[PDB]
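Chain A is fixed; fit chains B, C, D, E, F and G onto it per the hints.
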Amino acid sequence: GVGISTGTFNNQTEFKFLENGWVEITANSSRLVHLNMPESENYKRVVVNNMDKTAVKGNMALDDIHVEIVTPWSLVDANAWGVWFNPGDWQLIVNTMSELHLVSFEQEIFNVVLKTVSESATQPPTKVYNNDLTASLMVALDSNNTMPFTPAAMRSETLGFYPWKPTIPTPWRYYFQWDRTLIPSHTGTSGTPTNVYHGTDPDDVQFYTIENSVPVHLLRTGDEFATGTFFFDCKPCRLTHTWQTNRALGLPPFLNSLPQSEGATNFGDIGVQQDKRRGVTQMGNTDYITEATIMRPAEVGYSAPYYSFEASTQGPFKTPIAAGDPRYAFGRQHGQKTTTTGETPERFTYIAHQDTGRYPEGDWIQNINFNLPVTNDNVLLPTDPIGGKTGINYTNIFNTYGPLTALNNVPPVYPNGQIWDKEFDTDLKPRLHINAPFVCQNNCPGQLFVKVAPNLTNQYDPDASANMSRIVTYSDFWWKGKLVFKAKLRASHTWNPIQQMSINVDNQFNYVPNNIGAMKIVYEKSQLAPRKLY
Amino acid sequence: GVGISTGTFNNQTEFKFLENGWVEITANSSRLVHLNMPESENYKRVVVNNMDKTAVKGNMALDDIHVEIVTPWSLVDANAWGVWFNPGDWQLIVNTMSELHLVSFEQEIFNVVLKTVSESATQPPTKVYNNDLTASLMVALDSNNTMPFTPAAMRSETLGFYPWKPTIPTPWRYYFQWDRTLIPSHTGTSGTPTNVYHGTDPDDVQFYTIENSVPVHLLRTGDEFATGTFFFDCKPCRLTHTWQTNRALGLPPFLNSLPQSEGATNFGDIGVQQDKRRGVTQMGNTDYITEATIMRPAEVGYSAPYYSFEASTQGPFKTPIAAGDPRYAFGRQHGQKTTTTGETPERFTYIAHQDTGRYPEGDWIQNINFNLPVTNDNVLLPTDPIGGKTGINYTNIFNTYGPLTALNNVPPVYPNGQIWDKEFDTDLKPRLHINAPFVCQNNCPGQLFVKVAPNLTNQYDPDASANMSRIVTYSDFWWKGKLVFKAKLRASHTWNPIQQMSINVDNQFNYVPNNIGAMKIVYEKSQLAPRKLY
Amino acid sequence: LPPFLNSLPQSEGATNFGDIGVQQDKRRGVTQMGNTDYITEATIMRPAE
Amino acid sequence: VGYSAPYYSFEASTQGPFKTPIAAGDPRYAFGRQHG
Amino acid sequence: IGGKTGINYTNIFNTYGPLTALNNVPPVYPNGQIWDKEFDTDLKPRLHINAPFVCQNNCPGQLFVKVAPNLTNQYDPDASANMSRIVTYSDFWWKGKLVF
Amino acid sequence: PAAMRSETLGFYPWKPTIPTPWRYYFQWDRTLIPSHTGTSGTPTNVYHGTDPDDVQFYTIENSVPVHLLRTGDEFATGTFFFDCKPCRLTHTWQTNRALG
Amino acid sequence: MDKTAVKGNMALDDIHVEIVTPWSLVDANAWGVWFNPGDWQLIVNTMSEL
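In the order they appear, the protein sequences are chains A, B, C, D, E, F and G. Reading the first sequence from the start, the letters are residues 37 to 360, 375 to 584 in the entry's author numbering. Reading the second sequence from the start, the letters are residues 37 to 360, 375 to 584 in the entry's author numbering. Using the entry's author numbering, the first residue of the third sequence is number 287, and each one after it goes up by one. Reading the fourth sequence from the start, the letters are residues 336 to 360, 375 to 385 in the entry's author numbering. Using the entry's author numbering, the first residue of the fifth sequence is number 436, and each one after it goes up by one. Using the entry's author numbering, the first residue of the sixth sequence is number 187, and each one after it goes up by one. Using the entry's author numbering, the first residue of the seventh sequence is number 87, and each one after it goes up by one.
For reference, chain A alone in the conformation it holds in the complex:
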């Protein structure tokens, strides 16, 4: 079946309007993947140590020591908005829909090709490329999710973001258990602190192998491989933002005095002594009913320790937060001006709100007796130092998460954000994930692994440390996916128009190529349109 294609190229996205403001978005995405022979046909357990870095009292956060099992397989990840939608599409989705539902997903590998490089060592010397018509491309689709979940979006290693630009899969590797101790220290810290990699705990050792836990298919040119259709089990993602804070929840105080002429200084006036007002308060002490005192239903948002690093058996790690900022570093293949030189990533900090965010500088604590103006001794301000440290206040320690905490889930981040994420297999689970807006609880699509089957030479001896020598082979194959969403059309509820993504005299050139054909994909806001929270 050499002279016959086994698939079709399709990179169109279709919006099929169903019944009652609900539409069905079908994002088709296909690409040409380039894959090289494994640098090593073996599984390696590799340790990464960098104490020297962390050895510098004050450089703890720069800790990279970990252990990973390097597999001879590559992973074809497409989990990132940039892989399915282009700027124009994102505008549409983001501007006219009000919520998105992730529905199904399927992939296929067609028109497989395997070539061979001959080093025609003549003069220059030359180099030749030929077709190995009988060579095979190994494919494995871990449907039962046996293998560790390794989303490539976290290291900006997904498939390209341009339909017309060949891409490639990423070398697959996963974490291996290890013990490590690193004790905090600042510039002044005396003597060498404790910084040591202890090793591996036998009881947590898990050496995974694809061969052993997943059936492998060998695809020759004539062959093709197709995944079935997976249907997710995720909650709907919203494309609306709330803005209210406890200070804007409920019936505003009745103004007994209203302005009588336009004017920035023409304010209205409640017109009632702060301690002779009616209403509800949760302060059994005072008779003071103020906008900061009046009782609200619950609390929109919470406060958490900032730049807090906790430690467990593998080392320190930043205490994650649900507030509002992700920082995305990437490049060339996923945005970053294509013609850009050097090897410095491009990046952005997607800022998302005032929906649950906090201004620490505005926080403060007072003595139960109240008694204002409050005395310095009865107030702990975000200015008074903790532990004697000049740069540490109670807020860095503070946590106001509790039974009344209201909160929203992560918004979509085009085009660098991950789309769906697998849930933790713990008995109690995170009320949300910080990395993706969609989390398949029970079932998530299985990972797809590719690998160029070993093209041996006439000389091969299993019983020899040597290192099998094989014909230089590589494979190019097309990949095609289909991600289906279900979305609801938004409606206008206010008299005033609203936030909409548009092209300006300023963005204009972030959506077109240049005289050299350089390109780039700029990030974009996703939940632009207020929604009444209460």
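Keep in mind the hints are simulated off the structure, nothing from the lab. Among the hints, erroneous ones may be present.
[Said to hold, decoys possible] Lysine-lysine pairs mimicking DSSO-like chemistry, simulated, CA-CA at most 27 Å apart: (1) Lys80/A x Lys271/A; (2) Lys271/B x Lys479/B; (3) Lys271/B x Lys52/A; (4) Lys575/A x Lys538/A; (5) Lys479/E x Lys271/F; (6) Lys501/E x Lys163/A; (7) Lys271/F x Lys530/E; (8) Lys312/B x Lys271/F; (9) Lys536/A x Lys52/B; (10) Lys501/E x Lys532/A; (11) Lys271/B x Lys479/E; (12) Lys472/E x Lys582/B; (13) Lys387/B x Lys312/C; (14) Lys271/B x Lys501/E; (15) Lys582/B x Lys52/A; (16) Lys538/B x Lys271/B; (17) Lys271/F x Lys532/E; (18) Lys538/A x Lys532/B; (19) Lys387/B x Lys472/B; (20) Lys582/A x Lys271/A; (21) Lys271/B x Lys536/B; (22) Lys479/B x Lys582/A; (23) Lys387/A x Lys501/E; (24) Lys536/B x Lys582/B; (25) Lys538/B x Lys538/A; (26) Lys439/B x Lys52/A; (27) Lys538/B x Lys532/A; (28) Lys501/E x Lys538/B; (29) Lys52/B x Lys538/A; (30) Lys536/B x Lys538/A; (31) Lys201/A x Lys501/E; (32) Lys439/A x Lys89/A; (33) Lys439/B x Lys439/E; (34) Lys52/B x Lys271/B; (35) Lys52/A x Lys52/B; (36) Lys536/B x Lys536/A; (37) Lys479/E x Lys472/B; (38) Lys312/C x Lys201/B; (39) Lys472/E x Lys271/F.
For chains B, C, D, E, F and G alone, kept in the frame of chain A given last:
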């Protein structure tokens, strides 16, 4: 039926999504109309003369002389976008739809009320208002369009634009035939030019009366009046704009030389001698194939005489144009800051494009022999004077309308634009109307006329020039309409996002009221989204 | 729709004209002359020609 | 039968000048080798 | 006109109107175009100067060809470089049928 | 249409031909003011740039399904039926001076 | 511009912008692609409308 309401107030707009990217927009609009007794119960033929103004050699365009028949009836006009949609709605329609179809229209008059004012001439003196429970409000709906078509949008005299602000109908009046001569003159013109109103031509006299050609209903409080549903016969209005001009129609010339490094000065190069190129030209003379010479299918847009005033039996009038600018003057009730003082209208010049527009300064004409660089004697430029006038060039006279003229229809102008317009009853008709995007050819909704029936006093004598004296009466009544459109949802066809109406840190306050409750409705662009013309 | 006359005649007479009663540049209505604020019977916008 | 139009008239719009097209009676065809 | 020695009213002149009769473009063998797509404007040209046949609503779709990228063993998406590919080219037969 | 730049398929059955590189216009602003040999001072001639509102970057990959044909493969279009008026192969000669 | 910069060389204006695609177009829209001289004679000589 005095103590019982006869209608419901509804000012909601509903979008009902049907099948296949088509939605049904139902704009409901109801309002409280205030109506006063006729200043005169009679029909008057009134002449308006202002020669003194036009008598000033050079002030011809300021000619207002006309004759009109003043009727004792008021007209309830709702034909203007501002009456049916608010800013938020217009954004939705304009941003997500790709074409609009005017479908049906119906009105109703309910909860009629008639009051009487008593001048309690005590001290101040006082004033009293009472209910005339047996008084009637006269209503007439000219279904057969017997009466002259007088759209109130042309003089900014529609119903209000705010649901919560009582409005009023406009005194109805229509043109009466008259003869008038006014001869052009400029400041220097010598002797008094000819400026005279000749009178009326018996053969064109048409004195229209509602009583005589329309059935009138008398509505007392308990009564209510409802129009049936009219279905228009109009072409679809587009919500997309084209941008191509003959210079951008077709296969661009093949560049034999392309840039090799980014750079504003790194241009591509056709790479072929202008007279040794292949292609098609409509210039049988030259061998010059240039972007301004190469042959295009037809012509996008045309050129017409500018600030041309033509004259017919009623006087001078500006020669109308289909190009791209309307100027809208209005106020208080239809936009203009509500609290604004004085009596100076608010206004704007809706600029709409580069779709068919022309830059006269760029036009020029040359001798058939061609022969360039062209000699002054073989070129008439938009600079060389015509008729000796320093400020007149051939372009002011010029007209390039013909068999190849491509062209689009008027876009919607929110909120001051008229919605539909009646077609001329001439054997040959305008390929379009400059005042509205929708033109019912055969059938247009009939005009609705209101009038407070005469509340006579005990003293009334028909046979006396006097002037019937009647009890001071006035009526308030609610009006409610329903305009239905059918629209298609737009799709993304380019890789780049597109123009979208949005709220900025700049418009923000054009969509909210002030501390005094002042309000205003700012105009907005309607066909924002390119469409491939060819 | 003819312009609304704010002043109407009060006695028969060939010279008893009505009067729009509004400054030519402070009137409301539609014009196709993006320059001026002059809305005159020769300036006001008409459907077609 | 027929009409008269401005000759060697170039009009201008947002992309530049362009010859005012005509319906009269002449097209000029430049080509080569592969098409004659 | 305008003082120009080489400009007369005719160069300005236009006598197109309600009584203008006129015919469409004739076929030009063998260099003329056959059919042309109509402008998507609300008002359209009474004719096209480039072809005698104009499909109003529907015109045949354009056919685009392109040699798929024949990569070499060395290819790196994340590099400004400029993908290097094996020099490839294609020959193929085309066959059409136009019916009048 | 490639006929406007004489870039169609060959005209001889027995002579291999080739397709043309596809390219299309992109919106741009440009001013050029008329002038004749005598015109004084440098006239206005400038390319202003691109208007964001008329930007349309088209991609085949993104808006058309692509087929990959290997030797053994073949591709066929269906039959399109035009909607055009008849073209005449007759000429009229009368002018107002010969009517009636 | 240099070309058009020559007062009197306006018609020789070529400035434009184009998007160069990596695709080629197979155009057959031209009489010469479908009929040869002999055929054109026949059509043109004996038919009255096409």
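Tested hints:
A distance of roughly 39 Å separates the Cα atoms of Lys80/A and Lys271/A; the hinted pair therefore is violated under the 27 Å criterion. A distance of roughly 15 Å separates the Cα atoms of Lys271/B and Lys479/B; the hinted pair therefore holds under the 27 Å criterion. Of the pairs offered as hints, the one joining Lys271/B and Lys52/A holds, with about 26 Å between alpha carbons and a cut-off of 27 Å not exceeded. Proximity of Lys575/A to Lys538/A is assessed by CA-CA distance (about 18 Å); at most 27 Å being required, the pair is judged to hold.
Under the criterion of a C-alpha separation no larger than 27 Å, the hint pairing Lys479/E with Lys271/F is consistent with the structure, at around 15 Å. The suggested pairing of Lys501/E with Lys163/A holds, with an alpha-carbon distance near 26 Å, which does not exceed 27 Å. Among the hinted pairs, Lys271/F with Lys530/E is consistent with the structure: their alpha-carbon atoms are about 26 Å apart, no more than 27 Å. Restraint check for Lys312/B and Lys271/F: not satisfied, since their Cα atoms lie roughly 35 Å apart, outside the 27 Å limit.
Distance check on the hinted pair: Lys536/A and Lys52/B sit about 18 Å apart at the alpha-carbon level, within 27 Å; holds. For the proposed pair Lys501/E and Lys532/A, the alpha carbon gap of about 24 Å is at most 27 Å, so the pair holds. A hinted pair counts as satisfied when its Cα atoms are at most 27 Å apart, and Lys271/B with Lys479/E qualifies at roughly 14 Å. The straight-line distance between the Cα atoms of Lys472/E and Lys582/B is roughly 12 Å, inside the 27 Å bound, and the hint therefore holds.
With a C-alpha separation of about 16 Å, the suggested pairing of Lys387/B with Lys312/C holds against the 27 Å cut-off. Of the pairs offered as hints, the one joining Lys271/B and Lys501/E is violated, with about 41 Å between alpha carbons and a cut-off of 27 Å exceeded. Only pairs whose Cα atoms come within 27 Å are accepted, and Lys582/B paired with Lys52/A is accepted, the gap being roughly 22 Å. For a cut-off of 27 Å, the pair hint linking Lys538/B to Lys271/B stands: about 14 Å separates their Cα positions.
Proximity of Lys271/F to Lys532/E is assessed by CA-CA distance (about 20 Å); at most 27 Å being required, the pair is judged to hold. Restraint check for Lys538/A and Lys532/B: the C-alpha separation of about 26 Å stays at or below 27 Å, so the hint holds. Using a Cα cut-off of 27 Å, the hinted pair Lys387/B and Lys472/B is violated, with the two alpha carbons roughly 31 Å apart. Our distance criterion of 27 Å between C-alpha atoms is met by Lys582/A and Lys271/A, whose separation comes to about 20 Å.
Distance restraint check for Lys271/B and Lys536/B: the Cα-Cα separation of roughly 12 Å lies within the 27 Å cut-off, and the hinted pair is therefore satisfied. For the hint linking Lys479/B to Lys582/A, the alpha-carbon distance of about 51 Å lies beyond 27 Å, and the restraint is violated. A C-alpha spacing of about 25 Å is found between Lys387/A and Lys501/E, which places the hinted pair at or below 27 Å, so the restraint holds. For the hint linking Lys536/B to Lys582/B, the alpha-carbon distance of about 23 Å falls within 27 Å, and the restraint holds.
For the suggested pair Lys538/B and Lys538/A, the alpha carbons sit about 16 Å apart, so the restraint of at most 27 Å is met. With a C-alpha separation of about 62 Å, the suggested pair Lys439/B and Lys52/A falls outside the 27 Å cut-off, and the hint is violated. For the hint pairing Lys538/B with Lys532/A, the CA-to-CA distance comes to about 26 Å; that is within 27 Å, so the pair holds. Under the criterion of a C-alpha separation no larger than 27 Å, the hint pairing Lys501/E with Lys538/B is inconsistent with the structure, at around 35 Å.
Restraint check for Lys52/B and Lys538/A: the C-alpha separation of about 13 Å stays at or below 27 Å, so the hint holds. This hinted pair checks out: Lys536/B and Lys538/A have alpha carbons roughly 19 Å apart, not beyond 27 Å. Taking the CA atoms of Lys201/A and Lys501/E, the gap is about 14 Å. The hint holds against a cut of 27 Å. Under the criterion of a C-alpha separation no larger than 27 Å, the hint pairing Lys439/A with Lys89/A is consistent with the structure, at around 24 Å.
For a cut-off of 27 Å, the pair hint linking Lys439/B to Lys439/E stands: about 15 Å separates their Cα positions. In summary, the hint linking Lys52/B to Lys271/B is supported, as the alpha carbons are separated by about 21 Å, within the 27 Å threshold. Straight-line distance between C-alpha atoms of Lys52/A and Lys52/B comes to about 16 Å, which keeps the hinted pair within the 27 Å bound. For the hint linking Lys536/B to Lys536/A, the alpha-carbon distance of about 24 Å falls within 27 Å, and the restraint holds.
Restraint check for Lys479/E and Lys472/B: satisfied, since their Cα atoms lie roughly 22 Å apart, inside the 27 Å limit. At roughly 24 Å between alpha-carbon atoms, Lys312/C and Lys201/B fall within 27 Å of each other, so this suggested pair holds. Using a Cα cut-off of 27 Å, the hinted pair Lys472/E and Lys271/F holds, with the two alpha carbons roughly 13 Å apart.
Checked against the numbered hints above, the structure violates hints 1, 8, 14, 19, 22, 26, 28; every other hint is satisfied.
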